[PDB]
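A.B. asks: Full structure from sequences and hints, please.
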Amino acid sequence: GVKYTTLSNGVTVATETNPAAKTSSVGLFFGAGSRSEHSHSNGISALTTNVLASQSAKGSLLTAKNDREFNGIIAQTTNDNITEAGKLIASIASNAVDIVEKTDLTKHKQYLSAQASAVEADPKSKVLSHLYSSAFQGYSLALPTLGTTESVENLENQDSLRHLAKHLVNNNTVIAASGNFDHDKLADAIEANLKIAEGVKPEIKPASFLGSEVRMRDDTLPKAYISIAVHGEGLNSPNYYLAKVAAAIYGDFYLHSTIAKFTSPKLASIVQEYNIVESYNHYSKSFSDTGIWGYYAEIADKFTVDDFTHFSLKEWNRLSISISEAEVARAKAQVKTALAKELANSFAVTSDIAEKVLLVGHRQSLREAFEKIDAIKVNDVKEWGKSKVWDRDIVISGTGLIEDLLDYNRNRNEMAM
Amino acid sequence: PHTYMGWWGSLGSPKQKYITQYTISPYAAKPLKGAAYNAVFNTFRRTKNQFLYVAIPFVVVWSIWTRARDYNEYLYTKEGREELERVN
Numbered sequence: 020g021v022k023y024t025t026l027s028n029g030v031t032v033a034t035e036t037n038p039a040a041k042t043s044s045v046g047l048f049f050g051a052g053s054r055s056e057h058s059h060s061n062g063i064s065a066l067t068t069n070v071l072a073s074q075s076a077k078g079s080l081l082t083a084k085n086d087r088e089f090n091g092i093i094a095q096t097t098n099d100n101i102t103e104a105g106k107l108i109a110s111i112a113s114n115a116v117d118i119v120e121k122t123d124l125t126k127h128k129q130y131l132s133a134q135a136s137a138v139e140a141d142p143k144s145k146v147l148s149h150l151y152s153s154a155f156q157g158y159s160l161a162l163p164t165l166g167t168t169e170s171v172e173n174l175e176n177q178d179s180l181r182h183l184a185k186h187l188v189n190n191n192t193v194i195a196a197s198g199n200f201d202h203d204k205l206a207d208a209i210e211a212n213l214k215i216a217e218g219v220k221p222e223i224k225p226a227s228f229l230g231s232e233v234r235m236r237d238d239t240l241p242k243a244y245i246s247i248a249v250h251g252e253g254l255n256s257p258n259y260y261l262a263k264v265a266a267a268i269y270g271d272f273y274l275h276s277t278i279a280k281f282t283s284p285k286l287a288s289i290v291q292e293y294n295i296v297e298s299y300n301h302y303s304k305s306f307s308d309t310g311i312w313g314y315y316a317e318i319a320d321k322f323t324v325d326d327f328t329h330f331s332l333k334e335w336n337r338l339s340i341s342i343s344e345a346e347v348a349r350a351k352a353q354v355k356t357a358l359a360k361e362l363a364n365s366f367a368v369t370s371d372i373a374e375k376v377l378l379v380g381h382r383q384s385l386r387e388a389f390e391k392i393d394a395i396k397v398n399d400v401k402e403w404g405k406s407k408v409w410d411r412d413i414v415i416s417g418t419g420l421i422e423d424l425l426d427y428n429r430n431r432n433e434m435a436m
Numbered sequence: 007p008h009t010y011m012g013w014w015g016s017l018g019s020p021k022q023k024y025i026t027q028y029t030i031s032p033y034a035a036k037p038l039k040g041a042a043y044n045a046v047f048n049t050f051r052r053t054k055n056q057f058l059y060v061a062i063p064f065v066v067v068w069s070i071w072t073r074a075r076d077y078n079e080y081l082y083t084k085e086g087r088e089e090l091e092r093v094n
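So the protein lines, in turn, are chains A and F.
Heads up: take any position in the first sequence, counting from 1, add 19, and you land on the entry's author numbering.
Heads up: take any position in the second sequence, counting from 1, add 6, and you land on the entry's author numbering.
It is worth saying that the hints were derived from the structure and are not from the lab.
Backbone N, C-alpha and C define an ideal beta-carbon position, used for all residues, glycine too.
Just so you know, nobody snuck in bad clues.
Derived DSS-like pairs (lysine-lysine); straight-line CA-CA distance at most 27 angstroms:
id, chain 1, residue 1, chain 2, residue 2
1, A, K121, A, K185
2, F, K36, A, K405
3, A, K242, A, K143
4, A, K242, F, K21
With the C-beta cut set under 10 angstroms, the calculated list includes, among others, these residues of chain A facing chain F:
id, residue
5, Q156
6, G230
7, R234
8, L240
9, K321
10, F322
11, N428
C.D. replies: And the structure:
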């Protein structure tokens, strides 16, 4: 029941209503993440959402969804209480400016700054967060999704109120839902309670990929954390699933897992000849129009970072040459399962349906995605590999024990032979 | 092997956690950004800074050499013949 409803105003209510859903959630999203911020006001999108999500809930679970592109509040409740959750967020949104005007941001700013620092403490999130920025340095997409401590500390109610009035508008806002409930009852409940100001959809600020390396050599950490990625296909790109399939070819790995010695990806067998890497993760992060395709890796040995990058990048070369049908068949199946896994929780699908409805304007159910992935031949992957991987610029990030990570030229040269 | 230089994993450098490095893929950068300005302004700056240390010793040595060469030439010309006999 993916059906959509457009209110008297231009707000679209998209609901993935489905029986046998364990719990139901509703969330109002407006397409203004760190993408639509600038360094002086960075993190305002997260701060304003946290304030709204901090409002008292009538037994519902208000949580804030913060992302590079989109941002909104999500309420999760039992299927019988969904209508109350819907009326709740409309009350939160209609009173958004009034709530923010009187709200004291000091406590929320501490929470947001604490979040951002905690992101920096975790090496993976730091590496990924730096990676995304280094690729898009100079554009708004480089801004951290939750902002930075110094940027947040300068935020004031005026900054957010300007932000909400710019972005929290009918054309730039969507309502998402999922669970076992009647779509019409939710839509009627929202219409009778949601009152928001009209406005034009803010133009999405452009961003362009720039191959670069950002090194945060941190010799006190026990392991070396690195990520290397290229300009992968983003949303609304015909290769969006193809990029995911390519990533699943190399898949994941964790040296201390029972599956390590028996996992399919070629790179997994290669790295164990010397226990080169403890864990690595191939991913295809996709934004509204830009995506980053690559891997994240944690190396627990100072002397094997260069060995890993050499072998991992050498394996990337096989995308354009000698890629096996078995791998593509494996990657197609693995992505399909991973795609379906993401959409299990009603909360997860509510976030997903909001993302697509905002950033691409239409959504594909698992039926369509499976029909697309199933049609991916080996050749299509190889053409994609040559287009997006072979001799294409890489962006490199790394924080711990980076001393062995050879400089950019060495790694980049491995991308072609 | 307490070599004061090790391999890449441990080059013997001390802990340097709080420093960050930044570079752009050469596939994205200019090769000749500073070539024109550098070859003139920067080269002249280096030459001017290092000049005195080359000039002063060179002036001293070349002055001594010129004095010696001129004296020898005078000796081997006719007007110096007698002194060539006197010195030898």
